[PDB]
Each structure stands twice: as structure tokens, then as C-alpha cells.
Amino acid sequence: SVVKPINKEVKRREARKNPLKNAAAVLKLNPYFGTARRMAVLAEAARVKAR
Amino acid sequence: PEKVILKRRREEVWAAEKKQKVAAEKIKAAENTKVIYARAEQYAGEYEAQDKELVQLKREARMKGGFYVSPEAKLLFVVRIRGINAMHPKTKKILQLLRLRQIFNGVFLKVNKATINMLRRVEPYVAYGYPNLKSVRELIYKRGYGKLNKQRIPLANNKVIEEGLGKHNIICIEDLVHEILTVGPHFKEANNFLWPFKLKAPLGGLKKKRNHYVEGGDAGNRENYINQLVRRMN
Amino acid sequence: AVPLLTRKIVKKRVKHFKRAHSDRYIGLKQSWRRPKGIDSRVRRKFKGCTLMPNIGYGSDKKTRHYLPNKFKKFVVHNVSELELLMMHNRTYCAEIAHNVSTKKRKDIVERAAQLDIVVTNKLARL
Amino acid sequence: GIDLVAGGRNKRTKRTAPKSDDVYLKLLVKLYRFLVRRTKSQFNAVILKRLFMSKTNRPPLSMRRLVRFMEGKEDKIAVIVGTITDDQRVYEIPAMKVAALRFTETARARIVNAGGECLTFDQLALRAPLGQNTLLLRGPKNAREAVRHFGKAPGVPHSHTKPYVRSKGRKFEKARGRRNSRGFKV
Amino acid sequence: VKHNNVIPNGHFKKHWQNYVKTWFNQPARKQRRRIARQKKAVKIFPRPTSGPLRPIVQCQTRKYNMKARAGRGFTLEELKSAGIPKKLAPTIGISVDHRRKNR
Amino acid sequence: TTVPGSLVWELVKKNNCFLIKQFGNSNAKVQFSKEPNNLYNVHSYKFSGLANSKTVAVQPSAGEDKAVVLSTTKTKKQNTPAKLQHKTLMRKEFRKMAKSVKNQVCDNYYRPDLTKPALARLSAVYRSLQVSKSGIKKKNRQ
Amino acid sequence: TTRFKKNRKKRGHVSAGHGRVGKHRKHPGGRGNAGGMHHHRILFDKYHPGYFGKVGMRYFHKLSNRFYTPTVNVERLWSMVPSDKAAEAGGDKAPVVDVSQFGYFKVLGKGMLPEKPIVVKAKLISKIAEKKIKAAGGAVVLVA
RNA sequence: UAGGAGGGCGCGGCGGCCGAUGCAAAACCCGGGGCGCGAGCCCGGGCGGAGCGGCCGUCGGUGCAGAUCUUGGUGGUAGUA
RNA sequence: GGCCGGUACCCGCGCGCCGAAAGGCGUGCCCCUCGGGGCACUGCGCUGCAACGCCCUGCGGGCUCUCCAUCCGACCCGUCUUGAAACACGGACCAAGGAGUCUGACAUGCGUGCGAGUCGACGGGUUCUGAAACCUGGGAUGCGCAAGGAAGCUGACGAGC
RNA sequence: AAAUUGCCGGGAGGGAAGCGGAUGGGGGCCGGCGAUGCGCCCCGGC
Ligand SMILES: [Mg+2]
Ligand SMILES: [Mg+2]
Ligand SMILES: [Mg+2]
Ligand SMILES: [Mg+2]
Ligand SMILES: [Mg+2]
Ligand SMILES: [Mg+2]
Ligand SMILES: [Mg+2]
Ligand SMILES: [Mg+2]
Ligand SMILES: [Mg+2]
Ligand SMILES: [Mg+2]
Ligand SMILES: [Mg+2]
Ligand SMILES: [Mg+2]
Ligand SMILES: [Mg+2]
Ligand SMILES: [Mg+2]
Ligand SMILES: [Mg+2]
Ligand SMILES: [Mg+2]
Ligand SMILES: [Mg+2]
Ligand SMILES: [Mg+2]
Ligand SMILES: [Mg+2]
Ligand SMILES: [Mg+2]
Ligand SMILES: [Mg+2]
Ligand SMILES: [Mg+2]
Ligand SMILES: [Mg+2]
Ligand SMILES: [Mg+2]
Ligand SMILES: [Mg+2]
Ligand SMILES: [Mg+2]
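Chains as they are written, first to last, in the deposited numbering: chain EB, 304 to 354; chain CB, 11 to 244; chain TA, 2 to 127; chain JA, 2 to 187; chain KB, 2 to 104; chain QA, 2 to 143; chain IA, 2 to 145.
Hints were generated in silico from the structure; no laboratory data involved. All C-beta atoms, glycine included, are put in the ideal place defined by N, C-alpha and C. Be a bit skeptical, because a hint or two may be false.
[As the list claims (entries may be wrong)] With a Cα cut of at most 27 angstroms, we get these calculated DSS-like pairs of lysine-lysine: (1) QA:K22 x TA:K62; (2) TA:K37 x IA:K24; (3) QA:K100 x QA:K84; (4) QA:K22 x TA:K74.
[Said to hold, decoys possible] Computed spacing ranges between beta-carbons, pair by pair: (5) EB:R316 x CB:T192: 54 to 64 angstroms; (6) TA:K63 x QA:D66: 37 to 47 angstroms; (7) JA:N11 x TA:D108: 49 to 59 angstroms; (8) KB:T62 x JA:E75: 48 to 58 angstroms; (9) CB:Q106 x IA:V56: 19 to 29 angstroms; (10) QA:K55 x JA:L127: 46 to 56 angstroms; (11) KB:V7 x TA:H66: 20 to 30 angstroms; (12) QA:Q79 x TA:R35: 32 to 42 angstroms.
[Unchecked claim] Stretch-level coverage of chain JA by chain IA, calculated; a stretch enters the list once three of its residues show a Cβ under 8 angstroms from a Cβ in chain IA: (13) 26 to 36; (14) 59 to 70; (15) 154 to 166.
Make the full structure from the sequences, and use the hints.
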């Protein structure tokens, strides 16, 4: 009557995902990274086509 | 048997309870990612403004006939450069307090008269300087580990930060960066949270470790040139 | 008859840890004794001298005590002790004790045949 | 190299298990490992580690001292990881429910004849899985004879330590160092 | 001599190993005394095996004067008051003590 | 088991007449239990044929062809050694005997524990009976 | 039990645990309590103060029996009373305990007594012991 | 290093359990195969010809490279002086 | 370009179509307004990456075994010592023997039993492999239960923070 | 049994030899040294 919910979970260390150059790893860290890249990626289009 | 059904029903209750928790969590995860996305935009936004504002301020003074004295530096990155053999007991104790007890360990410091006078007494053993945005960000993502219940937990994700700090309204790695870089009200908590950085031996080498950076060696203050050394040990 | 082990057996050292200077004297036995001498350069671990056993050499706990057969051995003396390996046939291999006679060995081999038990000295004494 | 004392490893020692290979005490320990594990009763954590204790760290409790400690709280269960000994110097004992590892024969009769209960620790976990409505009691640890000899040396100022002496009488440890007429007074 | 211990006082400075008395013959002592008692019982049958009658005496010395025990023998007055002649008593199973007094 | 099974396991764990232990008390120790109501012949309290009131046995019969004996003890007859055991002789086909084992080990909640071990020991016992009669044909190394 | 002796664990170690520099020599401090006032003076003065000297006066031919006086407190007198007789009583009617039949000579006054009167009949008694017995309503009787 | 503790390995008895052996026990021999970080252990082949082993508990005259160590045997010196 | 790894979750797959396969294919809101972009509702289950080879009783495969070769490393152990490879001592070799034990007193720690008690240890009784085992005494034997005094002597009236 | 010795076969050597790590060449030895079975199926009998 007093025990807590039994816990059969075995959680382990998760393998490393490249935190700077792995798409699903950067985004799940910093969701705004996708936008921030695309802003200057978009600006680079304007800059190069300008000349 | 009663023991049979009695046992299955509680498991059904317990299993029922879990889905409600998980159903609640995806909703909280959806709210969080928008909150985290919102925070990161303004942090990215205001760094750009800070850089542009200094350029603006210096320009305004020059046309007036004066000149703008820049704000004095607030954050140091300190890296140990000397081994652990044959150490004086006072030098040994300070480096323990600075959380630098192995060569090429690095930590972040607040500038203080209390702090600067601790580095003056262990300066031959450490190199230090003023980190910038790129150095502070790449260190924390690539080599950042958390101190969860006295254990070194890699900051592979945002939940580690939420459970690590959380109370101080630090929820994501990007606000953990901001908290460190612009030394904030909880810099004490968010900087003790980070386990001492474990850096590579510098790719390309050092100069003579035995001398001060000013002499041409490597010890001491190398204010903005610490960023070049971060690139090569990170 | 097919072993369960699905992982290669790595040994960090195959050579033995012979005793220092047992190559120089005859009455010294080759079994390992740790030098306790004050000036012993083996004890002090100079380079170019004979090595001492450490816990660091210890083999992976998963593939420990597995024979090159990829079975772990259990020595039996009679058919009854053989029949204890009925349900472990893919992990344990029997081996007849060195002092089991030819008559008794024929029985163990016949019985081990049916239960599909790997036996590593099946041809001895015949 | 990393600057640490003994590699950062723990140098203190605590009993992680009892010393006796007593089968019933071993069974009790399995129960309370489960109880601390699933119920998180702080009471249960205390009971477990006290089960891992030597005879001198679990001193007996007299019924006189127990009766004093229970007075007015007779709607609760007294809990002692140890022995209850009978005390002849007491007359009034209330009806009280006591859990202990052992009762002496005279103690248990005195408690039962008052209309109380002499519970075991397995029975306690039935009637209090979280230690609710309990009075957790220890006995006097520093009451042993050996403890008198502990502390500052017998012959230093301000120490009242008992010396190891083979006999008592005037010829044993009284003259030089114990009075002003013979040298000095400690 | 070293750490806080009791002052050692063992009396082992003589040739004590020449006077060690071991007790390996204790079970045999019991058997010889049992056979001695049993053989004595037959040679005195039917007389009682405890021996002659012993009187009640108080013990000496403050510590024990409140305790009664068996004495050596009856006094002359005790024998004469009960009318058992002096020289007949040991012959019928009653010990005598010409030394004890009646105060 | 006139006393509880948890108690009995405490007494017979470190020493008993059925436990054959080899190669010392180091990390080389190998230990088996040769009691007949232990399905894997494993010295554990789960499989112990000594420290359980409810145990399952799967044995090839004595000299006879294709007869598997299945035995289950009786919880309330613990103190009557002779008539503690309920044994059944099955010479039916494998899939039909796989049903009988489930009926008496699993579906009645006797020892849902030993559902897998009992069937696996039936598989091994039954195959040893074919090979005894038919003789060795396969080598099974593939 | 030779198998658990620690010398069996130092086999193969040269000095058997007694050191290379300071050896296990025969009697490097002297035998027994040699040097109690010379080179063990700190130890004798620290742990055994009072050891040396002569105090008090001799008692030729001391007999212990002359000095025998067992003592019992009043707190223990009611365990001496059997329960049925502890029931037979009135307000003025009290049980009488001859402590001499229990091996005691003197009665001391430590501990409390219940309200029930008692008549302690002893060879010897202290001030407080009788003061506590009277205060319970009982009396004391002297005997020999 | 000096030193302390824990967990193991090994030798010989005793109380118990489980076993091998004239279809070849112990001991010894081997460029035989293996296991263990290691102490050690398991198996093969040979020799031998009648005893032996493992596990639990318990016990001890229980582990050698030294001591100008004890006893025995054996070299180089040397077919030399 | 190097090293490691090969998936029981993280990724990934099926649930619709096209496509050898990459991969593509839908709707609505916001954004510039090219490209196209961003967000959207999300569900059920499943869940060890592959393709070809070589050898197969061979002159094959590997080996922790033996010998030899070569490169690198490499002074003889034990001992006392601040310091030993020492021009410090002991050691020609091999086998067997060879050194912290037994006992008494005490102490701390730990285990067992009983507990204001606790010991049956000198005896007695009984016991048919047992010099064992088992019973018995103790109302005062030892230790503990009370201490301070040289002694004569006296001897704990009941705890608050 | 060992120390030590003879014979036969093999191997190497410019004022020591032995030793630790590597590997290459020779030997010598290893068949649990290394598999040929499992699922659909068609009969033809048990
Ligand atoms: Mg480079
Ligand atoms: Mg340099
Ligand atoms: Mg310097
Ligand atoms: Mg040295
Ligand atoms: Mg003073
Ligand atoms: Mg040492
Ligand atoms: Mg020592
Ligand atoms: Mg020495
Ligand atoms: Mg000394
Ligand atoms: Mg000295
Ligand atoms: Mg000394
Ligand atoms: Mg002097
Ligand atoms: Mg002997
Ligand atoms: Mg010896
Ligand atoms: Mg020798
Ligand atoms: Mg030595
Ligand atoms: Mg010198
Ligand atoms: Mg020299
Ligand atoms: Mg000398
Ligand atoms: Mg010499
Ligand atoms: Mg020897
Ligand atoms: Mg007594
Ligand atoms: Mg030879
Ligand atoms: Mg030749
Ligand atoms: Mg070499
Ligand atoms: Mg080679």
C-alpha cells in the first residue's frame, strides 16, 4: 500500500553526437541555429549577386 | 487468483499514470522549444548590438575630439600550463580553489580585486585572458560537462541544463552560454555548474612555458590572445 | 555444439610472467614471485627489465575463462556429472578427468554424444 | 597527473552489511533493503543501518528507561534495535507496544503481563511500513566500563580517566602523582 | 614496556616448566574414585554409603556464622544426654568429637 | 520445506550434497547443482530444487523408449516425503507434451517462473531420446 | 588458529613486519617494568600516576571476613517481596523483609520506594535509607 | 620503501559430503594443448604398478634463493700440481 | 586522409503512390515575393548496416612451445645505508631440512549466548565405538550489582538548559 | 628427480653469456585446428 511505482527502466549513457557539425545534434541543442545560419546564408546570396 | 488480478490492476493503474506523464511532457517539450527558440534569438540579437554599439561609441568620441575608454573586462578564461610536481603549498591551495588541479584544465573567472589578487600569486602556473563569443560557445558545446550530483555529465542536451540549473531560470545551453559570457546575476551558479574543462595539448605547441607572455613565454595575461590559444587546445 | 559467444577473445598478453633471474639459476622456479629487494630494478620497474603482473592486464570479464573453442570447461568424472551440462551445451564443454579409466570414458563419450555436449579430450585413452 | 588525495577515493569506512552470519538477521536485512528502496521512509533508512551494527553500538535499554521515554505516548510503538532488559527498580509500567531484536525472559513477561506487546522487526514492518507513530530509541552508548578508560590520560590535569590497575586498595596507584604529600597531585 | 596497559606482573621467572601440572588424568580420577566408592559400598553393606552421622554446627567468622554445616562429631554431652555411651557410638555409626564445646 | 523457502535458501546456499563446485572461490569458480528437480541444474534460489515448495522436473524415464516423466511436488504435502511428488509419464508427441507441461507449470499459476526452462528442458530431454534410439545423425556444429 | 595469524601473510616479506632499520631485537628497552623511574618515566607517570611510593599504614594479618558487609539499596527491597504477600496488606499492614535472609548486612538509600509501607529488618542501615523508609510510612528493625 | 588491512592460491590432518582407480592410483618426465593479471590449475602423451582426489567446516611442526645456514650429492679447477 | 565502431532506444523502417535507387509527390497559414523559404496537426507499430570474395586434410591456417637472426632496451642479486653495478659484505651448483610459535595476565575490536545477572571451570550422577556427550549443585565460589577514606568510619533524599 | 656427464641428431659464434619488447626464418605440435546443416516443398513409408 505504501511502495512507489516499480521502476524497470535501465537508462544508459548515450553515445556522443557531434555538437557542432551534426544536424540533428545542433538543432536539438539550439533550435534557433537553423534560422541564424539561414539569415546570413540568405544575406550571402544578396552580397555575391550584388557585384 | 486474487493476487494475480490484484497485481495486474495496479500495473494498469501505474501504466495508465505513465502515459499521462508522457502526454504532459511532449506538450511541455513543445512549449519549451518555442521558449528556447525565443530566448536564443534575442541573445544572438543583442551580441550583434553590443559589438555595433562599441564601434558606434568609439566613432562618436573621435569626431568630438576625445576618445572612448572601453568597459573594463569582466570574464577571464584561465588555463593551467604547469604540471603538479614540486609545488609550493600556497600555490597548491590557490589552484585547488580555482578548480585547476591538472595541466591544461581551464575554467572561467570573474574579474575582481579579490580574484585578480589570487591569479597574481599563481601566475607562473596559469595562462589566462579575455574570451570572446566564439571561444565561450565552442568550449561549452564541444567540451562542456555538467556537475550533476557530484558527477561529470556531458551537456549533450538541454534537459541536463534544466535539471542542473533550472531554479535560476537557466533552461538551455544557449542561455548557459549567455549566463557565462555576459557575467550575470547567477554567474556563480552557472559557472560552478560547469565541470573544469579538459583541454587538448595545444596543436602547434607552446613557446617557453617558463616565462611570462610579455617576455615571449606563455604564462600570465595575454588578454585577447587567449582566443588564439583556445582554438588550438579545443 | 554452436557456441553462444559472439565476441572475439582479446588477450592483452600471451607470454607468461616468468620469475626474474629464474633464467640465471637452475634451482629457481619459473613461477612468479614478486621481488622485495631494496635495490631490485625489477621491483622499481626500470625499462628493459622483466615485467610484473598488474590488475591492468586483466582480460575482459565477458570472454574470461573461455577456451579457444569458445566454450567454458567443466571437468567431469562420470556420466552423472556429464548430464549436468544438458542445458548449458552452448556455453560449457565437458572434459574427462585425467584419472578416469578407458572403460568409464567410453560411457561418458557415448552419453555426451546424445546430449550434444562438446568434449575436448574425446580421443584420449583409445 | 591530477592533484588529489588518494586519487579522490573514499578513505572512511562504514558497515555496508552486518558481520554476523545469522540467518534470521540476514532475512531481516533483505526486508529493509527492499523497504528503504521502494518506500523511502527515513525511519526505514535508520533501521537498516542500525541493523548493520556491532553489539557495542547497540547497547541494551532497561525497562525503567523505556517506561520513562514512553510516558504519555502509549498510542505509539517503541522501537529499539537491540535488547530490552528487565528492571526491578520500577513498579509502574504502562501497557506498551515494543519492537526489539531481543527481549530477556523477565522483560518480555513484564511487558506482556502489563497488557503490552513484544513485537519483532518483521512484525513492525507489517504494522508500520514507514515507521509511522513510532518512538525510535537508542540505549546509552557511553555507559560501558571500557568507556571510563577512554579520553585524556589518567595522569594529566583535569582528566578523570579510570586507570588500568590490577587491584584496589592503598598499595595500588595512590602515592606519587595522586597526593601532595608524595611528589605531586597529578 | 609500552602503551597504556596494566602493569605486567606474571610470576614466570623460575623453572616453572618443570612443575607444570596438567589434568589429562581427570576423567581417570573420577573412574578410580567411583570404583573405590563402589567397592567400599559392598564391603560395608548394609551400612550407609555417606558415612557416620555428623552434627549441626554454625560456621565461624562473621561472614558465615549465619550458615549451618556438618561438623566433625557429637560432643560428649550431646552423646550422654541422648544416652549413647561414649565408646559405643563409633561402633554403631555415630562420630565423636572430644574437642567441640557447647556454649 | 516445513520452514519457509527463503529461510531454507539461507541454509543450503553455501554447502549441500547436490552442489558440485569447481575451480576455487576466485573468478574462476564454476558451480552446478545435480538435484533432479532443478531444471537448469543451476545453484540459485530460483532454480533450487531444495528451497522451493513448487518445483518442476523434466526427466527421461528409465530404460524405455520415448517416455518423458514430468513431476511437480505438492505444496501441502511438504512433510510427507513419499507422496510429495506428482509424476506423470508422457509418451505422446512433442507438441502434445509441450501442452501438458504448460498445463501443469504455467496455466495453473504453479510456477510461471519455469515456463521457459521446463519447455527448453523438454526440448533437450526429448531430443536425447530420439538420438539414443535413432543414433547420432547430425553433428549440429553449423 | 594459525591460518588467520598475520605472520602467514608476511611470508615472503623479509622483515616479518618489524622493519629493516629498527629490527626485532631481543630486549631493547629492558625486561618487564625495568626503568619505571628512568626511561619509562613518562609512561608510568602518564598512565599509572600513584604507582611509586608508600601510602597509609600496614595491617598485619588482614582477614577479609572481618570486613564483609554486603549492601542493598531500598530501591531493590520490593523485588524481595513475593506478589501474593505484596497483595495481602492494609494501609497499616506492611510486609517485613529480613534482608539477612537474602545475604545482605546493611541497607543503603539509593533509589525511590513506592508508597506501600515496608518493615526492613537489617543489621545495619544508613541515615537516608531509614529516612526514605519512614517517609513511605514503614519502619526499620535492627537485628543481629 | 618501512608499515597496515582485505580478497585469493598452495601443503598436511580431523568431522561431514561427493567421487576416481589393475579397462592402470600416487610420484616423476615432455619441443604436447589450454585457463588465470598472478599465486596456481586443468587436460594430452610417457613411465610406474596401488592407492588417490574435489567441496563445506575446522585445525597445524603449512610455502625458501640467500643465514661464512644443516646434511647429502655434484662440478670447473684438471688428466693439472 | 588515419584510428575506432555497426546499432535491441539515438538515428532508421513499414503503414499511400511514383522511382533501380537517390529521392520526390499533399493541404493551410506567414515571408520575401525569382528560388522558393519557415511553421503546422501526429497516430500506430517495427527496430543487430551491407556487397563480393580466399582456404577447406593442403606446399593450408595459428601457436602462449623450441632454436636462431636482427633492431631497440638492458650493469648481479640479497643486505646495511643519505647514497650499491660497486675497488662494501654473503652467494661454485643441486636436492631435502630451515626461522613470530606455545603458554599465563591484561587491553581494544569483532562474533555467540544469556542479561542484573552470569559463569558448573573443583566435585557428584550417569554414559556399552567415546578420556566424549548428557544431568546436578550456588541461599551468595569468581566477576558484576557502590563509592569515598590512611584509618576509625560513613555511604548517593531522585535534574535542568 | 635435480645438479653433473657420454653418444646421436639440429642450431649459432670477431675479448663474455644470459635477459625485456618486436617481427622474420626454421622446426615441433595443434582436426572442438575449421561447416557442410536448417527452413518451404514432391512423393514413398512409418
Ligand atoms: Mg602536427
Ligand atoms: Mg619547447
Ligand atoms: Mg624552475
Ligand atoms: Mg634505494
Ligand atoms: Mg597540576
Ligand atoms: Mg612491503
Ligand atoms: Mg609490525
Ligand atoms: Mg633485517
Ligand atoms: Mg625499535
Ligand atoms: Mg637507529
Ligand atoms: Mg623497540
Ligand atoms: Mg639518571
Ligand atoms: Mg603435523
Ligand atoms: Mg617451519
Ligand atoms: Mg635450497
Ligand atoms: Mg630472501
Ligand atoms: Mg656510510
Ligand atoms: Mg669504486
Ligand atoms: Mg658486515
Ligand atoms: Mg665468497
Ligand atoms: Mg623444502
Ligand atoms: Mg553469583
Ligand atoms: Mg639431468
Ligand atoms: Mg653436436
Ligand atoms: Mg632477444
Ligand atoms: Mg616467433
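Against the structure, the hints come out as follows:
1. Taken as a hint, the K22 of chain QA and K62 of chain TA pair is honoured in the structure, with Cα atoms around 20 angstroms apart against an allowance of 27 angstroms.
2. The hinted pair formed by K37 of chain TA and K24 of chain IA meets the criterion: a straight-line CA distance of about 17 angstroms does not exceed 27 angstroms.
3. Our distance criterion of 27 angstroms between C-alpha atoms is met by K100 of chain QA and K84 of chain QA, whose separation comes to about 25 angstroms.
4. Our distance criterion of 27 angstroms between C-alpha atoms is met by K22 of chain QA and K74 of chain TA, whose separation comes to about 13 angstroms.
5. A hinted range of 54 to 64 angstroms for the beta carbons of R316 of chain EB and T192 of chain CB is inconsistent with their spacing of about 32 angstroms.
6. The supplied range of 37 to 47 angstroms is met by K63 of chain TA and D66 of chain QA, whose beta-carbon atoms lie about 42 angstroms from each other.
7. Roughly 56 angstroms separates the CB atoms of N11 of chain JA and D108 of chain TA, a value that falls within the hinted 49 to 59 angstroms.
8. Hint check: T62 of chain KB to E75 of chain JA, Cβ distance near 53 angstroms, so the stated range 48 to 58 angstroms holds.
9. Taken as a hint, the range 19 to 29 angstroms is violated for the pair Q106 of chain CB and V56 of chain IA, whose Cβ atoms sit roughly 58 angstroms apart.
10. Between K55 of chain QA and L127 of chain JA the beta carbons are some 24 angstroms apart, a value that contradicts the proposed interval 46 to 56 angstroms.
11. For the hinted restraint 20 to 30 angstroms between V7 of chain KB and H66 of chain TA, the CB-CB distance of approximately 54 angstroms leaves it violated.
12. Taking the beta carbon of each, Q79 of chain QA and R35 of chain TA are about 55 angstroms apart, not inside 32 to 42 angstroms as hinted.
13. Counting residues of the stretch 26 to 36 of chain JA whose C-beta sits closer than 8 angstroms to any C-beta of chain IA gives 0, which falls short of three, so the coverage hint is violated.
14. With 0 residues having a Cβ less than 8 angstroms from any Cβ of chain IA, the stretch 59 to 70 of chain JA misses the three-residue criterion, and the hint is violated.
15. For the stretch 154 to 166 of chain JA, the proposed coverage by chain IA is satisfied: 7 residues have a C-beta within less than 8 angstroms of a C-beta in that chain, meeting the threshold of three.
Hint violations for this structure: numbers 5, 9, 10, 11, 12, 13 and 14, all remaining hints satisfied.
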